[PDB]
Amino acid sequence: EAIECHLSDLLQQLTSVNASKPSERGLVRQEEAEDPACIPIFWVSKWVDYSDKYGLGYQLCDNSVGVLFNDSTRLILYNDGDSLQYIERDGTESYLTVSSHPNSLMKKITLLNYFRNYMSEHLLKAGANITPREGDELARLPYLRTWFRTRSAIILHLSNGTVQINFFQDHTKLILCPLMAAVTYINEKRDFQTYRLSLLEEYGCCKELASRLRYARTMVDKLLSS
């Protein structure tokens, strides 16, 4: 689909940036790659791994909530608390409400509510100090297409092209968007900045972003190969 397409584009963009060896310059000018306009519309603010039994629950920065169940289906609740979207394994979408929800989705809705009640009670909101970009009035939410965990990070792939990598050891985060061809870096101090990948290639960047972008390349290749 266009999803597969966006993974190829991200991979190419990362390969280009990394090939330029951005941290190896006469004078690194990372500030010149800053593009605050390119801040993402959506990222994952919280998640709960219950994949031993049901799947992975998460919340987007707009306070909407989703589940990617172990059967590769997705249920997403809008931040109005009533609008629902069910996505089947092959991507087929159905628009529903918790008011008029099909009986067949009883168990999954109950699980979504379990996750919803847990997250609004337990976890920090990633990028809480970040004001999202925009998107149009009555737009539909993206859903989690896939995720996996490594020793170093959890990798999250949204259906709108965005790949998020949260690093476990120091809580640094990357939000990558092929559409904007940009990367948002959240430092260990929860400070943040959005960079145009083409300008990072032009002007360079610090070792810690460069390193994380190398790992990001490896991760996006893994998403594509699977």
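Only the largest set of C-alpha atoms that superpose within 1.5 Å between the two forms is called the rigid core. Positions refer to the first chain, counted from 1. Only residues modelled in both forms are compared. First, how it differs from the form deposited in another entry.
Just one residue from the list 101, 125, 149, 133 crosses the 2 Å line for C-alpha shift between these two forms on a rigid core fit, and it is 133. Segments of at least three consecutive residues in which every Cα is displaced by 2 Å or more between these two forms, once the core is aligned, occur only at 129 to 139.
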Contents of the next structure:
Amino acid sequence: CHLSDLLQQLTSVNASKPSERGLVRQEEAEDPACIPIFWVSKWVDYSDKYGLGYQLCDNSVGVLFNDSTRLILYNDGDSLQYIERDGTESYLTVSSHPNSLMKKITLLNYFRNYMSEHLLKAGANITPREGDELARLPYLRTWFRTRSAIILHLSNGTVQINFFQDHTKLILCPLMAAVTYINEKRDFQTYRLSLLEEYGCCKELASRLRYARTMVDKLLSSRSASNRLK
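How about the form deposited in another entry, since we already have the form deposited in one PDB entry?
All you get below is the one chain by itself.
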């Protein structure tokens, strides 16, 4: 819900033509201190039946069910967050859970088992900093797919884009105003978008930042006020 600022940030960088410079200095835009705490490490699109399951990099798991409710299991193996359609959020546990979440918890379990045995953890080899604690963990607000990508919007404002063909990824964060690019070799770097405007960047990243703008634009216009039917 910091989508508007992100759009403003992406528009800025794209309008500066970061790849159309005398000398491109992408390396000077790196800022390793801006690495995100959270991103999506795994996902399963079972949207024909039940919903979209995903794992965050801290090993927590979530499901955005088809009825637009969300269930989150923390990495403590016991803590649950349930987020209703309206955004209300309940916090609870697996040991003392309402009988009413039995179906949904069982489904989360099924998603969890599928993803431990067959999916890879994106960004598995990165060492987290002490805390990584906070804040209540993000949940999946919305997601969509294109021919080229899956688009994942988290409740802390981050927008993640996974490109299908080459396995490259963007993690965009609007508060830090930064973007993390995971390349074909799975290497990660974080850039300040404002320094990319300043020093430019390679065509590989620039094209992807242009695609990110159009995708972020699609998110804002989804069920927006101009057209609640989209």
